[PDB]
Amino acid sequence: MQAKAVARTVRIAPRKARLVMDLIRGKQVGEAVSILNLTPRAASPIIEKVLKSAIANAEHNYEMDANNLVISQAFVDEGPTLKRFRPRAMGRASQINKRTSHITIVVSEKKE
Amino acid sequence: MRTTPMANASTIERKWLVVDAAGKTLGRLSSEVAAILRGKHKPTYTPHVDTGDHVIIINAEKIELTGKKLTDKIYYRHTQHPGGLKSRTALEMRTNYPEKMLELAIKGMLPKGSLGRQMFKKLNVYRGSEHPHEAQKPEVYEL
Amino acid sequence: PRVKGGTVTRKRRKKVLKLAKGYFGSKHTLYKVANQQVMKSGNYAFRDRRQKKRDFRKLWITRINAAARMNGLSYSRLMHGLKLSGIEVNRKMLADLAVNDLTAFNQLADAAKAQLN
Amino acid sequence: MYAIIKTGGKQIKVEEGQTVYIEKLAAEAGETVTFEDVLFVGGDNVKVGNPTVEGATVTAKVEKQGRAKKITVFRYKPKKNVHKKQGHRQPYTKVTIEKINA
Amino acid sequence: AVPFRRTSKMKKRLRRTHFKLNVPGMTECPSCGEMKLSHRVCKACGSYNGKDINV
RNA sequence: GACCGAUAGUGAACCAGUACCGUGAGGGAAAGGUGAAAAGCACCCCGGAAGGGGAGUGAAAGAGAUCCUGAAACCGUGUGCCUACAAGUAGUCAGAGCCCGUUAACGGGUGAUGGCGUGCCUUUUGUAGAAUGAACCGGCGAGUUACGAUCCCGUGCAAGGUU
RNA sequence: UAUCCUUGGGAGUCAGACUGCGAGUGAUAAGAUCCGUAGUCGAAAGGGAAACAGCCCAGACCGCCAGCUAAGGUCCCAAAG
RNA sequence: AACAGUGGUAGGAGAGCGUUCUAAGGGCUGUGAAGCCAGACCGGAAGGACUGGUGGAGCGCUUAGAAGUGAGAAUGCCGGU
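Protein chains in written order, with the working numbering: chain A, 3 to 114; chain B, 84 to 226; chain C, 966 to 1082; chain D, 133 to 234; chain E, 597 to 651.
Among the clues, some could well be false.
[Stated by the list, open to error] Computed far set for chain A versus chain E, every beta-carbon distance over 10 Å:
| hint | residue |
| --- | --- |
| 1 | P47 |
| 2 | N63 |
| 3 | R88 |
| 4 | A95 |
| 5 | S96 |
| 6 | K113 |
[Unchecked claim] Derived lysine-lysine pairs resembling DSBU-like cross-links, with alpha carbons at most 35 Å apart:
| hint | chain 1 | residue 1 | chain 2 | residue 2 |
| --- | --- | --- | --- | --- |
| 7 | C | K1018 | C | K980 |
| 8 | C | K983 | D | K216 |
| 9 | C | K997 | D | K202 |
| 10 | C | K992 | E | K608 |
| 11 | C | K1078 | B | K98 |
| 12 | C | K1023 | D | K142 |
| 13 | D | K211 | C | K1005 |
| 14 | B | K169 | B | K204 |
FYI, nobody ran anything at the bench for these hints, they're computed from the structure. Even for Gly, the Cβ is constructed at its ideal location relative to N, Cα and C.
Generate coordinates for the entire structure from the input sequences, incorporating the hints supplied.
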């Protein structure tokens, strides 16, 4: 059926993650994971991490096959937004947003 | 009722006819051609879905403006480049490129947005001999 | 004796956004701009009900006039000749019968010419 | 058969064996009405000129009264603030022809 | 000159898309069963004109 | 109590004259909800962790510790239709293809052509503006109450009404 | 009588704006200045004038794929000799 | 029945609708009330109401009287974005 995990509250922009997110969709798990592991990008090991736990959970806990999985679909949405002031010049202040976002992934079997 | 006999989008005419512009006054010829291109000729719907008649001229020769304005009706357009306003007189337009003063003279008499200029392009004209068509065996006609 | 708020206001609002539905994602997701679209759509409707009815005249006659010409006759003397032949216009609308049966329109065109000879 | 009938102040084209949207001139539910105000029979014959053909008389089986859906009417007057709304419902009747008696 | 409109989804998307992130030009190296870096030292068998380092 | 229900009712429902601000008296905020019962997840696995993922709990776990019902703006994912030769406050009217489908009118979905359409208030003679105001959505919010005066109109009495 | 008249209860408006007709100023530069009359716009659509508030046709309380018509046209766009 | 109709800003005049509340005659709801979203849903001129889904404990038709009684506008107001 499906292989599943989710990460909640993860410092990474929706915009930033969105790029990498679409690029792993429909892709063979075995290929996607390997790629991500060594890259100069920092969102790569994070989206990877969650993806690997989806595999992990699927096997160990409710029984699935990890040799049949691909990446069904995935998406990324902003979670809460925590505004913080950063003293901006001219007597002002700006609101930097240290984002905490919900990276969602639905792995699944499709080669079973 | 609330509707009436009308054209469908599967209604295709698109007949090809020989016509000449040689010895023709123009605006007598071009106007009546424009009518048929617009879909008016059919007993069925004129603008919503329509097919006109594509017409190919073989011989395009002398046009009559019946005065001194045959050789002195100066045409104009304003096209992007720093030279702007380019002008070409009737006398020299008749000598070379008489195609394009009969082409824009049936576009000027047609309304229509997108589709109208598409069907229009299938109309051709030439001063020598033009009709490679033989698939539809173009029927002779003169207005 | 204090008004409900919420729900009541959202009932009144829903009407506007429903009439303005199907447009964009800025023309009915935004209330104040949705308002503007409803004004247009309603006005358009009412004027065009009368505009369309006059346009049908300016449509059938265009078709007829061309067909008539392919039987050696012009619209002006067609219409006249029909009234001369029986005291019937027979509807310009219903002369759409030149599509359905060509034969009818042909003989009725000759019948028009008859009293004009 | 090609025929034409009077429906009050207008006329409608009518064949035979087909329903038609008509004005209510009284024609409710399952009844039978006729059009002796018929004025064309042919489509291969002519009956113009001849207002009212007496060689024919259409028979119709009344097939329900329907009602046209509401359609927005509105007056906005910009800079004057008017907001008069209406929706035009109005009933109408439907009949089905199936035999044009001679 | 500064924004005069809120900016619809259509405009914003036309801008931010037509281009998208792509994976590096990694090749699949069947001599270690994982991706390597094309014409660069592999991260699991050292492939780039000799193979001898599996780190 | 013909008082109000988390923007209402006192500045302040709640660990508020607190937080926060100026040298200073002083100015002066926001903030309700897991269950009926805590039984707030025994037991296990992966995530360095942050979290989840099975299982169990219980009526309910889309009640699982940041949670009542939780809209809308806002932002992603899947799907039907549609666009790479064109001219627009985006619809309206009318045809037309494709897809779908109504309990009933027998019906919805879309946009390929043709005609037509220049936001609202502010302010008027005229703003569609190159005049005034608005980032957007939601909720919130301005013709009042009392006592005289003058009319209204409903009734009881009416040469009587009234403490 | 979709007239006046009388009484009681609520008004709103005070550059109107624009055009024609008629009298006066410049014996008639000036979005120059005044009135008698009517019209329209104001406040009220649409038709014709390319569109072009106020000229000209005319007044929108609602659907009809019915017809006649005004100003204004009939070679095409812009229905139609 | 016949007969005529002018429905336009400022305003005048006539009826209704929803919202909260108190009242006396009545009635629904855990097998699903209030609130929430979709329906090619029906009935309105308009202001105005039905079924499925979610949700998980209260709700209301008539007859009357009362109001904090219906927002697209003053770099209006508060939260979200």
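Structure-based check of each hint:
For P47(A), the condition that its CB be more than 10 Å from all CB atoms of chain E holds, with the nearest at approximately 14 Å. Consistency note on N63(A): stated as away from chain E, and its beta-carbon is indeed over 10 Å from all of that chain's, at 26 Å minimum. At roughly 22 Å, the least C-beta separation between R88(A) and chain E is larger than 10 Å, which holds for a residue marked as non-interface. Taking the minimum C-beta to C-beta distance to chain E, about 21 Å, the non-interface status of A95(A) holds against the 10 Å cut.
With a least CB separation of 17 Å from chain E, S96(A) remains clear of the 10 Å interface cut-off, as annotated. Taking the minimum C-beta to C-beta distance to chain E, about 17 Å, the non-interface status of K113(A) holds against the 10 Å cut. Between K1018(C) and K980(C) the CA atoms are separated by roughly 29 Å; this keeps the pair inside 35 Å, and the hint holds. Restraint check for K983(C) and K216(D): the C-alpha separation of about 18 Å stays at or below 35 Å, so the hint holds.
Distance hint between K997(C) and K202(D) is fulfilled; the C-alpha atoms sit about 25 Å from each other, no more than 35 Å. Of the supplied pair hints, the one linking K992(C) and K608(E) holds, its CA atoms being roughly 16 Å apart against a limit of 35 Å. Only pairs whose Cα atoms come within 35 Å are accepted, and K1078(C) paired with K98(B) is accepted, the gap being roughly 30 Å. In summary, the hint linking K1023(C) to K142(D) is supported, as the alpha carbons are separated by about 18 Å, within the 35 Å threshold.
In summary, the hint linking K211(D) to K1005(C) is supported, as the alpha carbons are separated by about 14 Å, within the 35 Å threshold. Distance restraint check for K169(B) and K204(B): the Cα-Cα separation of roughly 24 Å lies within the 35 Å cut-off, and the hinted pair is therefore satisfied.
Figure legend: structure checked against the earlier numbered hints; every hint is met.
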